[PDB]
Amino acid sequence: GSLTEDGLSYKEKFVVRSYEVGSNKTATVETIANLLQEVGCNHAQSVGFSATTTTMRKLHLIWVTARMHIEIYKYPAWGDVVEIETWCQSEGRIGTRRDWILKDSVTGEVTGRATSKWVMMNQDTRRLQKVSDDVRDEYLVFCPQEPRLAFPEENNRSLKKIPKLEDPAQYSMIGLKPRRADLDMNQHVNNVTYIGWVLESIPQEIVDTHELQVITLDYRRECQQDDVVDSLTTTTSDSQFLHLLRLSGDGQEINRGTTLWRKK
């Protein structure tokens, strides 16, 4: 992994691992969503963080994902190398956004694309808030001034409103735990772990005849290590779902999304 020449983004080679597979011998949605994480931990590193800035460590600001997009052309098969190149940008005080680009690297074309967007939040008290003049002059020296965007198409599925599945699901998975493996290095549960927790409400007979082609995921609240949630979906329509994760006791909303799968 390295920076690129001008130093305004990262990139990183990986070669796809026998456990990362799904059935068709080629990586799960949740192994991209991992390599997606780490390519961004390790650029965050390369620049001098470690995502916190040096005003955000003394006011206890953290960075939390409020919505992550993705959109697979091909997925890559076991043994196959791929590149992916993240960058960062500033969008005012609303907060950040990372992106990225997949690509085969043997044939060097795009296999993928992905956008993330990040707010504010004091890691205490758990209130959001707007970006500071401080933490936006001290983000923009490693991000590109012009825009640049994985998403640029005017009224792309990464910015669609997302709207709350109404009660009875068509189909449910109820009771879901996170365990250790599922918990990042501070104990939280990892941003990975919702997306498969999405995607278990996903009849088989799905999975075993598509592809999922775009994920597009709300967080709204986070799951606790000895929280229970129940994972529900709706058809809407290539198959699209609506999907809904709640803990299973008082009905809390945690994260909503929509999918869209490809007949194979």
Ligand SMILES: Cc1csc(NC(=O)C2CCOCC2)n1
Given for the second form:
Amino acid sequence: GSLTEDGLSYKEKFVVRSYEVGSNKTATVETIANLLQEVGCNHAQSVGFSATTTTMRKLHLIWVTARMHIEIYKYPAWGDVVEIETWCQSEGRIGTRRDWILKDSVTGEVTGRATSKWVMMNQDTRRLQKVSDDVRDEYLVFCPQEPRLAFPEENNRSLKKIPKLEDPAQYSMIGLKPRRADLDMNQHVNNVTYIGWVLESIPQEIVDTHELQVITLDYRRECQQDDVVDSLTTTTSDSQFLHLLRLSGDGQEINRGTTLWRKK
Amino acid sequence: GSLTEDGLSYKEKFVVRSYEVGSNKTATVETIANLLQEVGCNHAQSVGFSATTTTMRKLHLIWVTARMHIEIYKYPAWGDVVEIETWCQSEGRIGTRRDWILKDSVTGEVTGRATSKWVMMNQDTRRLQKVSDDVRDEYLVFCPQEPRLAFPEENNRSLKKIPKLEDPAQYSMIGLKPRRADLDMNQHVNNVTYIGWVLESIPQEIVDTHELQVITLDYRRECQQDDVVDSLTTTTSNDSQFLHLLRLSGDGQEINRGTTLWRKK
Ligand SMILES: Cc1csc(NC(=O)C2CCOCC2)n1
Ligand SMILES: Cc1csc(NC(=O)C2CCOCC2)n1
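Moving from the form solved without the ligand, what structure would you give for the form deposited with the ligand bound?
Then the entire complex follows, led off by the chain already shown.
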């Protein structure tokens, strides 16, 4: 992978692995999300980060995901090369945004796109807070100045309000717990695991006859290593579902989302 | 990746990914096992397969893992390039063997090694069988003729008999279930998931102060997509050894048994 000519975006090629594909012999949405995260990490490393900036390290601040939105037109097959371009942009004092474009390396055609909203948080107290002047200044030298959006459309899917699922849920998968492979290098549950947990409550017949086209996920609270999660789904409709992840015990909400599936 | 000059082994380079590493910023044993599987699949593909031979597809036969043995000296760090060499060998009518050597691409030094035993099974009835002459002939053209072993030693730990853990277990992790990411392209639980499940019953303090040096795992029965597993561990021992058992939560049906050896950091 490498930064592009202007140094304002980053590109990387990936060959799809045997264990990375599902029943269709194409990359799962969890493999796609892992590839987005990997290209995002390689971009941060190439521009001097050791995700945190120098000012963030002094104030004990970290970037946390608030929203992830992914749209896939074609899933790459096992053995195929996918090229991913990523860039980041400041959104005033609200937070930051990271976008991606997925392309088939052979045809050069756009096969997917993604956008994510990130908010600033004190790592110890877990208190949100807004973006300061000092942080925006040392971030803007690595971001395009004019707006560059993976989802430019006025009033688009990536910026829609998501309602809270009402009990009873149509479908559910209960007692979901993270294992050590679900944790990152800081022993926190990886963001991609929540996508998998959301999808666990979709029935196997929908998965067998449909392909996931769009997934929008809001992150409300982090799931600890010793937490247990219940995954809830209701059909709202192509097939659309409304999703809710909550702690098995007290019912504390960890995520809410929507998925849109196309018939094969 | 590519077949070596003689066409009797296969090499591939991997750059270790951010999500592939643990608390030490080095590749987990599950990432290593996924890389072994990937290089093994790329080797089978490069020599004409899709690892069923021509006769195996006619007779509804598949290769299934009976044993996996992995020894790691150094885990590659995030961003490092690891080179893996793999080859297969016939073991008479018992089955086949697949071996691996892991090397640091920069220094060329051996950082790990692995060996695995595979048996032939009818896909439909699940009945294990000996290897026929016709199948043995079809895959011997892709294997070295002289023995080539990743674990050549006379008293190597890769061929040791593993006892059955006796209840009560010292440690346990209960109610483990596979999710869709744990399944392969044929909707069967991936072999690497069982390694993760075995390790789930090791206490977090052992993981925090030790590094896994050796893992030997026997596969007795497959875990179905809707099965629930219990992971059991007992200390048997500067080095710590554990005896492991995976069994179905309900009836206690054994799916795996294993041993791990950990060294102090
Ligand atoms: C160091 C760094 C910067 S961005 C990042 N992670 C991502 O972008 C992921 C998060 C969730 O999975 C998809 C994208 N890590
Ligand atoms: C095509 C083919 C033949 S065997 C194989 N994979 C392995 O060897 C893996 C199995 C899981 O444990 C790591 C090694 N792929």
